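Model the full assembly from the supplied sequences, consistent with the hints where possible.
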Amino acid sequence: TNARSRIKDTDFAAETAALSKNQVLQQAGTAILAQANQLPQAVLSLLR
Amino acid sequence: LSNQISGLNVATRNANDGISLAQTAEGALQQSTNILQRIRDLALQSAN
Amino acid sequence: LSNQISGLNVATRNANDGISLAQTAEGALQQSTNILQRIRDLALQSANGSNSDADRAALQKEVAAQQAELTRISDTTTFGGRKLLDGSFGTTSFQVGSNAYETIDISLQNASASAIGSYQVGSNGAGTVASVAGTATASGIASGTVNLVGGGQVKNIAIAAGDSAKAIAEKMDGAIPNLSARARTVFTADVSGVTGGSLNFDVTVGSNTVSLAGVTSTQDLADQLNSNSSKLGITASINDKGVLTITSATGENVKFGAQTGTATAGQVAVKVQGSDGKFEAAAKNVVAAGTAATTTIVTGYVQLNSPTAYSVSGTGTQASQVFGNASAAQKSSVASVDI
Amino acid sequence: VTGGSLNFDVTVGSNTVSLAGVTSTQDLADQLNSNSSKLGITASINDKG
Amino acid sequence: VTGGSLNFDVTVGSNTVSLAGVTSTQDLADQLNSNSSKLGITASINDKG
Amino acid sequence: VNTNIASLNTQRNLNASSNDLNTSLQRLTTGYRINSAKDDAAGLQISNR
Amino acid sequence: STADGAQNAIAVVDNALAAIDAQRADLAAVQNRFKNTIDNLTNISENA
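The listed protein sequences derive, respectively, from chains A, B, C, D, E, F and G.
As numbered in PDB author numbering, the first sequence has no gaps in its residue numbers, which increase by one up to the final residue, 488.
As numbered in PDB author numbering, the second sequence has no gaps in its residue numbers, which increase by one up to the final residue, 101.
As numbered in PDB author numbering, the third sequence has no gaps in its residue numbers, which increase by one up to the final residue, 392.
As numbered in PDB author numbering, the fourth sequence has no gaps in its residue numbers, which increase by one up to the final residue, 295.
As numbered in PDB author numbering, the fifth sequence has no gaps in its residue numbers, which increase by one up to the final residue, 295.
As numbered in PDB author numbering, the sixth sequence has no gaps in its residue numbers, which increase by one up to the final residue, 53.
As numbered in PDB author numbering, the seventh sequence has no gaps in its residue numbers, which increase by one up to the final residue, 440.
In short, the hints are calculated from the structure, not lab data.
One or more of the hints may lead you astray.
In silico DSSO-like links for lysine-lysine, alpha-carbon gap of 30 Å or less [what the hints assert, rightly or not]:
| hint | chain 1 | residue 1 | chain 2 | residue 2 |
| --- | --- | --- | --- | --- |
| 1 | A | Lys461 | G | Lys427 |
| 2 | C | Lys208 | C | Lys224 |
| 3 | C | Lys331 | C | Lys308 |
| 4 | C | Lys384 | E | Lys294 |
| 5 | C | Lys224 | C | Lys384 |
| 6 | C | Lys208 | C | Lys384 |
| 7 | G | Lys427 | A | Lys448 |
| 8 | C | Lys294 | C | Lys224 |
| 9 | C | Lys224 | C | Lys331 |
| 10 | C | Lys308 | C | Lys337 |
| 11 | E | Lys294 | C | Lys136 |
| 12 | C | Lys284 | C | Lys308 |
| 13 | E | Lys284 | C | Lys208 |
| 14 | C | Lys331 | C | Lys294 |
| 15 | C | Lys308 | C | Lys294 |
| 16 | C | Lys224 | C | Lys308 |
| 17 | A | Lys461 | A | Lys448 |
| 18 | C | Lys136 | G | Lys427 |
In structure tokens:
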């Protein structure tokens, strides 16, 4: 059972950090999307 | 290029469908693995 | 000037097409890098503790599926039905100037496929069979000035008569850029019947010399080696089969001393591991009760892993006494890779 | 297959291996599936064998 | 090429180098492309070698 | 540049991070780094045995 | 019931789970291949 714990049960001490990194990266991606989906609108509205 | 990207998108959707199918299969197989676990359990209990 | 501006505009458009094509190729190469790193994960997990993971068949199947996925990534890059990185790429050249033959060449890889461009291999039994390097013999490693070829840095490595595989490896290492050399001596043993006595012989592994005695069966020699493990830095192993197996991490040219035993008949046959694999079937004894036997020493094999191109040669025996009749690093063999 | 194995060579262009222990339809399917990567084959056994 | 290397000199206008280690069509190609900048030439290997 | 936007790399990275996030959430709520799913079939066999 | 089963069932379940995990490893192979090919596919479609 010690072997099974070493091989199966996650050492989540780094998994929580990986989860936080994934969450902040997802939020950053949504932010980049919200900023980038607005560039063509601006360039068309100002050049026309 | 349009032909290519359309084919690539429909291939993406077919690949997602295949991923879902294979994941259902993996769930079924892990369930059968648990059944085999219980079968060995009852079998070694049958030593009695 | 109108001719010039038109040529420059169409050249800019052709260069845009070219840079987009190059980004497609770059993405394909990134995906091949991901596949190769995953293959590295599966390969180092394939260590299995060397005896623990009974699903070696399924692991080889996993690696084979990853290889097939890599060969598929080679395909499916038909940017116009002219798949770039695999097959036969015409080595195109995009014209970027307003003058004739004013072009920029690109040298895309031939394929992300098998030996067509994976790491070239210089091995012992590569061509037909291996000489003294990687097999037992009487005289041993002889002299030679084996020639090395690659990166315009020819270097005649001097191999004296008697040099062990470790020394040879250390010698050929270095000078040639991006080439490495390991040493490995894997040899088994199997004591035959002993008519009225045992085999009181010795073993000289490099500097020190073993003084074992009383060998009647493989198990006896096995215990003698396992006990002497302190002095001789070479681990031994006897499985349920009966074939005692001895391996040296370093690669020292193990020698079996004279057989001053008390028996009248018998011998201890041994085999030597090949470079690529396929452990030797034909046996040959190092010690024999009664008449003195031949092939009294055991010399391991080496392996010259090479990234792009690395040729080797030797005058007569010199070439054979290292890697047999190879003369070429061909047969990269990433397809035949097993697990 | 009677009285022995039908061990034969499989030559495909450049790479070439030789299967062994050929005794049934499934046997081939399996061993060729094992060596498909090296030989560059797609060994697929269907429901109809 | 048999029994030795085909080490030879490469003269291109003013700059002049002397290649070595060339033993095959790919070898010469690689060695020339390595020094292509200095010689001011375009050593390119095609699909047919 | 108006008929399309090159920012779809952001969608690709978002999909990748979302799959990674689901995997991490499953590993956390189950407590097993080697999930009962496909991941690390070798470790899966070791765990089964 | 009495004698044979207690051990014959173990003889079953051993190779049974062996084959089950072999199929699970095949599924793992095809699914990892699917992830890799879908990532390659999104990338090549984006470059196109």
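- [ ] Mind checking the alpha carbons of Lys224(C) and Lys331(C) for me, to see if they're no more than 30 Å apart?
- [x] Status holds; Cα separation ~27 Å.
Does the alpha-carbon distance linking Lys331(C) and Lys294(C) stay inside the 30 Å limit? holds (18 Å)
Taken at face value, is the distance from the CA of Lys208(C) to the CA of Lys284(E) at most 30 Å? holds (24 Å)
(request) Quickly compare the C-alpha distance for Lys308(C) and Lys294(C) to 30 Å and report which way the hint goes. (result) holds (25 Å)
* Asked: Quick one, are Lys224(C) and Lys308(C) close enough, alpha carbons at most 30 Å?
  -> Status holds; Cα separation ~21 Å.
> Is the straight-line distance between the alpha-carbon of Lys224(C) and that of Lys384(C) 30 Å or less?
Replying inline: holds (24 Å)
Item to complete: Below or equal to 30 Å on CA atoms is what counts here, so check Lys331(C) against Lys308(C).
Response: Distance of about 23 Å is within 30 Å: holds.
Worksheet item: Can the restraint linking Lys284(C) and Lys308(C) be considered satisfied, given a maximum Cα separation of 30 Å?
Response: Holds. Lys284(C) to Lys308(C) sits at ~15 Å (cutoff 30 Å).
Taking only the CA atoms, is the gap from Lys294(C) to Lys224(C) under or equal to 30 Å?
The hint is violated at about 38 Å.
Between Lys308(C) and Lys337(C), is the straight-line Cα distance small enough, at 30 Å or below?
holds (14 Å)
Problem set entry | 30 Å Cα cutoff - pair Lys136(C), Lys427(G) | This hinted pair holds, its Cα atoms lying about 22 Å apart.
- Message: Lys384(C) and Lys294(E) were given as a pair; does the straight-line alpha-carbon distance stay at or below 30 Å?
- Response: holds (19 Å)
Of the hints listed earlier, the one the structure fails to meet is number 8.
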